[PDB]
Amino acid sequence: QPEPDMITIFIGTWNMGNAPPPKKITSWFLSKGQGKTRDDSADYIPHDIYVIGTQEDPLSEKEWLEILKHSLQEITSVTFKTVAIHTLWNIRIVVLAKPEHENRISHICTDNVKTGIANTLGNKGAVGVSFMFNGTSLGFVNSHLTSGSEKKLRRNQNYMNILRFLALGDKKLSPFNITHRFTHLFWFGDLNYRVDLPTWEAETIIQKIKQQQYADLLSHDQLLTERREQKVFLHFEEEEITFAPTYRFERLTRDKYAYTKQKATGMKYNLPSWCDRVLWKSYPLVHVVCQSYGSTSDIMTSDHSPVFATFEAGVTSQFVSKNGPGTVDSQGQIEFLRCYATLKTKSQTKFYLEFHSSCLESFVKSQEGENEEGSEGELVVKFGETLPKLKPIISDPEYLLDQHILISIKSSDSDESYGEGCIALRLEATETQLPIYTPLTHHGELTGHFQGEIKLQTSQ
């Protein structure tokens, strides 16, 4: 039975509003309702992995697991295996996979981050799960960020705290946060970003939604605007939104948005908003295609509607050769020519590079680069032709061209990372000097760039 080169992944996010679900929620797992929906002809085809994020979840883990498993069994006639479940307060993540994947999944990690301080510590934060699927690392983050139309900056801060402190994936990747640890990272939840229009425009917004005219609302969506200004979710993707705002509804219908200020809302307006979102970030040149992104129409227990997204994701096999794993394959090498880092820093320490990849036996430290002054005030760290020759464990191009090199640029003085990025080995040619590039981030903010040339030697 051959190893897959593609899997499909279901991502669900639902703020349950502290209410039990209705008896039928199959529409969610079938990607049926509004937006980019799944074709009817696929309804019996199981996804490989289902990742369910809930917020304001009033159920026990046992209660929700029974509903989820019985839901998927009704749809697919398959009894899914539980990979992981993790709850922080009323924020929960469940990972279910087809039984045939049980011996393809390993290195399961779970963690949570609590956001805020004092007042603002106690119900917001994130849960996450990571694991290996054969040769491919997968990470999943469900976050419930700070609420309220006037707190977009707090939401951005919550995002930076979650990506700094959530401890998932390979702990040997010590310079790298979750935004660099996974082949594919999915980040979803009640992100709580709002449509930033005046309160007086509530009925106008409702009108627009009834006409399915979302353009003038999406142009004021705080997540889209904050992402365009590079304030949050830098280098993440989101599918185009073609479904109605998923918040705030009157319960037990979808006919009414409940936006007016009430004691129960702290006297805050809740204009219709896309609170409930799915974003992703995959390593460069890895296949990832969003095949659905929408909301259900028929699950009305909460003041939020469930959101679904599905993806085709490229995966690789657990490669064995005669040589690696457990030695190098001298027929393979990675060389770097004419490389330089450009850093936004005001500092003047010397810098060196670290190269991390599962195609290496362990990470590789470079020599210090040569600091020059850039013509516009920047720091340019020149490596020229000084970078070490990297020795992969396997030389077969079917393996090596699918790999990635993570780069950290570190201060000689403190050994702290000033920037992290990633280079694909999916090159146009081998034995050929070719341009490489990655932006560099630190705590998920832009700190610079790394560029130069690469020359990859494989066994072919």
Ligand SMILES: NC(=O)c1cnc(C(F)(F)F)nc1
Second form
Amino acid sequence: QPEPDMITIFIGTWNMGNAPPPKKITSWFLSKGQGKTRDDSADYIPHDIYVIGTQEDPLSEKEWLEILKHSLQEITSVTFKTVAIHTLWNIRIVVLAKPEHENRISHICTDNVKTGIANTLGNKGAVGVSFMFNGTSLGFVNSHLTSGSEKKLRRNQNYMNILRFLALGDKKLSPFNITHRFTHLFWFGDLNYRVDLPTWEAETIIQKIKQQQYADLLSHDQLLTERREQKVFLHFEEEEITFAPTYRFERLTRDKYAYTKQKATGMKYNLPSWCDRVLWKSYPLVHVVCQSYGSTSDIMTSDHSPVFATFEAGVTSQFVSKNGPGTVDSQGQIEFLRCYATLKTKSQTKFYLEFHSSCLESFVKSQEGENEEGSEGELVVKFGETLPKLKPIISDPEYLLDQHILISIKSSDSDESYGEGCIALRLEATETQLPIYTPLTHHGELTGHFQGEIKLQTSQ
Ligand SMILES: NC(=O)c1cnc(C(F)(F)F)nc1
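Moving on from the form deposited without this ligand, please list the structure of the form solved in complex with this ligand.
Let us now look at the entire complex, which starts with that chain.
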């Protein structure tokens, strides 16, 4: 049985509004309703992995697992295996996989982050799951962020706390947060960003939704605007939104948005909004295609509609050669020429680089670079030709060209990372000097750039 080079992943996010689900929720798992929907011809084809994020979930883990597994069995006639389940308050993530993938899945991690302090600590935060699928690392984050149209800054702060403190993936990757630890990272949930228009425009907004005219609404979506100003979800992708706002509905219909201020809303307006979202971030030059992004029309127990997204995701096999793992393969090497980091820091310390990759026996520290002043005030750290030669465990190009090198630039004085990035080895050529580039981030904020040239030697 050959190992796959591609899998399909279902991501679901549903804020259940503290109400039990209806007896049938199969439309969710089938990507049927509004938006970018899945072809009917695919309905019996199971996804490899189903990742279900809920918010305001009133069910026990047991109650929800029974509904999920029974749903997927009805659709696919497959009995899914439970990879992981993790609940923080009423925020829950479930990972289910086809039984044939049990042997391919390892290193399962779960974690949660609680957001806010005193007042604002009590029900918002995130749960997450990571694991290895053969040679590919997968992360999944389900977050319920701060509510309310006038709290987009709080949401951005909640996001930064989650990406700093959620402890998933390989703990040896100590300079890197979840935004660098995975081949593919999926981040979804009730992110609670709103359509920022005047309250008086509520009926105009509803009119526009009834006409399926979303363009003037999406231009005021806080998540799109904050992302375009690099305030949140830097370097993440989201599929175009072609479904109606998923909040806030009157329960037991979808014919009505309930937007008016009420005691139950803290006298806040809830203008129709895309609260419920799916974003992703994959390493450079890995295959990832969104094949659906939409909302269900027939599940009406909550004031939110469920959202689905499906993805084709590139995966690699767990490679073994006569040499590595357990030693290096001297027919392989990674060299770096004309390299320099540009940092936004106003500080003056020396810096060195750390290279981390599962193609190395362990991480590699460089010599200190030479600091120079850039023409526009920037700190430029010159490595020139001084970076070490990296020694991969396996030289076969069918392995090595599928790998990535994570880079941290660290202060010599504190050993603290000032910036993290990632370089793909999926080069246009081997044994050839080729430009490389990555932005550098720290706590998910842009801190600089790393650029230079690479020269990769494989066994071919
Ligand atoms: N390595 C594991 O502990 C593992 C457990 N369970 C599964 C499941 F749920 F797919 F069957 N896959 C892997």
